[PDB]
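Please take these sequences and the hints and turn them into a complete structure.
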Amino acid sequence: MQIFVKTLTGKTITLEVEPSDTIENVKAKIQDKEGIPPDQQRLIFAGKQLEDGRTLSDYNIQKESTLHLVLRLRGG
Amino acid sequence: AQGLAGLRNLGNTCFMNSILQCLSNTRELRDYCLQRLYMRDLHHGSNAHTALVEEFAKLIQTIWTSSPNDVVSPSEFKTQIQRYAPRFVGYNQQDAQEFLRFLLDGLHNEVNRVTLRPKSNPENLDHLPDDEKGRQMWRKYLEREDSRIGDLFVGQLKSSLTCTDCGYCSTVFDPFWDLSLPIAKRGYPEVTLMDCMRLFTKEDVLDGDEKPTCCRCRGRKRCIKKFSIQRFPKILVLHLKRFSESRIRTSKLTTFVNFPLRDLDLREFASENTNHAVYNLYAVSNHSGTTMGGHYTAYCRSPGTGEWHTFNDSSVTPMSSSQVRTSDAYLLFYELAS
Ligand SMILES: [Zn+2]
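Taken in order, these protein sequences are the chains called B and A.
For the first sequence, the positions run 1 to 76 when PDB author numbering is used.
For the second sequence, the positions run 263 to 600 when PDB author numbering is used.
Quick caveat, the hints were computed from the structure, so don't treat them as lab data.
C-beta: ideal position from N, C-alpha, C; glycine also.
Errors might be hidden in some of the hints.
Okay, derived cross-link-like pairs now, DSS-like style, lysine-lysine, Cα gap no bigger than 27 Å in a straight line [stated by the list, open to error]:
{"id": "1", "chain 1": "A", "residue 1": "483", "chain 2": "B", "residue 2": "48"}
{"id": "2", "chain 1": "B", "residue 1": "33", "chain 2": "B", "residue 2": "48"}
{"id": "3", "chain 1": "A", "residue 1": "514", "chain 2": "B", "residue 2": "63"}
Looking from chain B toward chain A, a few residues come up when the C-beta cut is under 7 Å (computed) [what the hints assert, rightly or not]:
{"id": "4", "residue": "9"}
{"id": "5", "residue": "43"}
{"id": "6", "residue": "71"}
{"id": "7", "residue": "72"}
Short derived list, chain B residues pointing at chain A, Cβ under 8 Å [said to hold, decoys possible]:
{"id": "8", "residue": "4"}
{"id": "9", "residue": "7"}
{"id": "10", "residue": "8"}
{"id": "11", "residue": "17"}
{"id": "12", "residue": "25"}
{"id": "13", "residue": "28"}
{"id": "14", "residue": "29"}
{"id": "15", "residue": "47"}
{"id": "16", "residue": "68"}
{"id": "17", "residue": "73"}
The following block contains the structure:
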């Protein structure tokens, strides 16, 4: 199935995934296209930041849902 | 004066304090804590995260029973949030929006009015008009996620995906608790918040390597994807994407984004023939630094009295409204106008 990622500057990308895809898998697919390492990526869907070890199915993410890609401004 | 307590820095914890102050000045969330209404909503049984809600509420209660110049320690609260979200163990610098998402998730889960989530199976709703499909998808979401936290922060996006060959528009409805906005790069005379909202809600061309599969055409096709807001939240949190897309080394985007104090009118972003909302600003989380490090503060308007203050850990100082809009703004907290 296809899902979408709204990336950093205005663009959207399209991913081919299965419901069983892990969040790590999804981040790897984003890296394949965008060259942003998985350890930098944060993916937001329905207010949840998606966590490594879990699958798309765990979050009930269905076809044509959009994940929101954000990085970090670390601060103390 | 009420609600002007500072929060102790526990070791790089201003990202946390900034968010906590923004939440402290989220009128209805504050009131939920002060009136102890969370007690009725807490789940029965020995739960690992009951104390997360209790310590959050206790902290807000303490802030709103303080005298000016008071400094409150959020150490007990930190213990609870790091138990819920172990990434906040220790004393490293962190992202405020990341913290916000984990904190609100924890609070929401622990006061969820739904105590046993129904599984739910996917349904074919092609027979329904767009708006009715939206309403049904919303009902399905609420039967799983229904809390006071949601009452305030949750809205619904519509994503419309049109195949340029057959003309079929496939619609999906995604809940949201905040919106993360790309920063405009071609703005004149300045970059505005509306410019950033437009980048979020614009027609996105999906072609080449981004071609979706059209189920009607039975093949990959150029499609146009567009967001609109189907349901507006009571509290709108806007998160500015202040990071470059460099494939080598991310840099912070420090562009001034001009955001309004009053009358943020989102008419143009509402779904077709759907009632829109207008908002006033009440809080800002500011970041000063780089992507790898820096310092957080908050600017917050006290509910009802309308006075702005800068919250910088232990230091709480009055400020003019002319000082609120800065390039350091990272998270904007808006509430419905009048
Ligand atoms: Zn088609």
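Results for each hint:
1. A:483 <-> B:48: 30 Å, violated
2. B:33 <-> B:48: Status holds; Cα separation ~23 Å.
3. A:514 <-> B:63: Violated - the C-alpha atoms of residue 63 of chain B and residue 514 of chain A are around 32 Å apart, more than 27 Å.
4. 9: 5 Å, holds
5. 43: This interface hint is violated because 10 Å lies over the 7 Å limit.
6. 71: 4 Å, holds
7. 72: Status holds, d = 4 Å.
8. 4: OK, holds: residue 4 of chain B within 8 Å of chain A, min 7 Å.
9. 7: 7 Å, holds
10. 8: 5 Å, holds
11. 17: 12 Å, violated
12. 25: Result: violated, 18 Å to nearest chain A Cβ.
13. 28: Interface hint status for residue 28 of chain B: violated (15 Å vs cutoff 8 Å).
14. 29: 12 Å, violated
15. 47: 3 Å, holds
16. 68: 5 Å, holds
17. 73: 5 Å, holds
In summary, the structure is inconsistent with hints 1, 3, 5, 11, 12, 13 and 14 from the numbered list given earlier, while agreeing with the others.
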